[PDB]
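Residues per chain, in single letters:
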Amino acid sequence: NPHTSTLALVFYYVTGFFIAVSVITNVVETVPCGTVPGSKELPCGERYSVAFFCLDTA
Amino acid sequence: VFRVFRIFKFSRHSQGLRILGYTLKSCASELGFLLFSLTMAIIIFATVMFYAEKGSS
Numbered sequence: 175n176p177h178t179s180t181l182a183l184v185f186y187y188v189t190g191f192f193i194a195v196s197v198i199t200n201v202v203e204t205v206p207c208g209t210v211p212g213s214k215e216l217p218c219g220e221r222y223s224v225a226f227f228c229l230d231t232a
Numbered sequence: 291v292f293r294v295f296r297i298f299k300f301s302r303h304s305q306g307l308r309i310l311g312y313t314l315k316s317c318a319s320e321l322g323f324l325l326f327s328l329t330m331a332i333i334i335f336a337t338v339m340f341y342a343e344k345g346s347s
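Quick mapping for you: the protein sequence lines, in order, are chains F and H. By the deposited numbering, the letter at position 16 of the first sequence is numbered 190, and the numbering carries on one by one without gaps. By the deposited numbering, the letter at position 52 of the second sequence is numbered 342, and the numbering carries on one by one without gaps.
So that you can see chain F by itself, here it is in the shape it has in the complex:
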């Protein structure tokens, strides 16, 4: 029961947040984003592989 304390409530409210963040980014990897003026279109995840990778790690 997060309602037990206020710290429990805020912890529940912050862990139920990063689940959503990871879901969102797990979706966004497949987006073709950025024109990639030099070559074909890289799905945004692989273009910024460092950003997406580090976020998944965290």
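These aren't lab readings, by the way, just hints derived from the structure by calculation. Hints should not be assumed to be uniformly reliable.
To be verified - Here are the in silico distance ranges between beta carbons for each label pair:
#: 1; chain 1: H; residue 1: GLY345; chain 2: F; residue 2: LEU229; range: 20 to 28 Å
#: 2; chain 1: H; residue 1: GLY345; chain 2: F; residue 2: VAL202; range: 17 to 25 Å
#: 3; chain 1: H; residue 1: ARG293; chain 2: F; residue 2: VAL202; range: 31 to 39 Å
#: 4; chain 1: H; residue 1: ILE332; chain 2: F; residue 2: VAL184; range: 27 to 35 Å
#: 5; chain 1: H; residue 1: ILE332; chain 2: F; residue 2: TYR222; range: 20 to 28 Å
#: 6; chain 1: F; residue 1: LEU181; chain 2: H; residue 2: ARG302; range: 49 to 57 Å
#: 7; chain 1: H; residue 1: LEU310; chain 2: F; residue 2: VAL202; range: 34 to 42 Å
#: 8; chain 1: H; residue 1: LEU321; chain 2: F; residue 2: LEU181; range: 27 to 35 Å
#: 9; chain 1: H; residue 1: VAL338; chain 2: F; residue 2: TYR222; range: 20 to 28 Å
#: 10; chain 1: H; residue 1: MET330; chain 2: F; residue 2: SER213; range: 33 to 41 Å
Using N, Cα and C, we set each Cβ at its ideal position, and we do this for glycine too.
Given chain F, work out where chain H should sit, using these hints.
Same frame as chain F, now just chain H:
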């Protein structure tokens, strides 16, 4: 677009509209949940149907 909203003013003239507005505000608890569950089921099956079919002709 917004010039459609005036259609709603039939509310006064029509029971159905006001009584529906109320049967919706009362059940506004389960509709948030339905939106949520649909959003999750859609994301699930979108990921699946993507990877199971992303590479084809």
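These are the hints, each one checked on the structure:
1. H:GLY345 - F:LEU229: 20 to 28 Å: The hinted range 20 to 28 Å holds for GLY345 (chain H) and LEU229 (chain F), with Cβ atoms some 25 Å apart.
2. H:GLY345 - F:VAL202: 17 to 25 Å: holds (20 Å)
3. H:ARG293 - F:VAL202: 31 to 39 Å: Given a distance of about 36 Å, which is inside 31 to 39 Å, the answer is holds.
4. H:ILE332 - F:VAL184: 27 to 35 Å: holds (29 Å)
5. H:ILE332 - F:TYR222: 20 to 28 Å: holds (25 Å)
6. F:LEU181 - H:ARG302: 49 to 57 Å: 50 Å Cβ-Cβ, so the 49 to 57 Å window holds.
7. H:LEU310 - F:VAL202: 34 to 42 Å: holds (37 Å)
8. H:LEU321 - F:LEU181: 27 to 35 Å: holds (32 Å)
9. H:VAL338 - F:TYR222: 20 to 28 Å: holds (25 Å)
10. H:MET330 - F:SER213: 33 to 41 Å: holds (35 Å)
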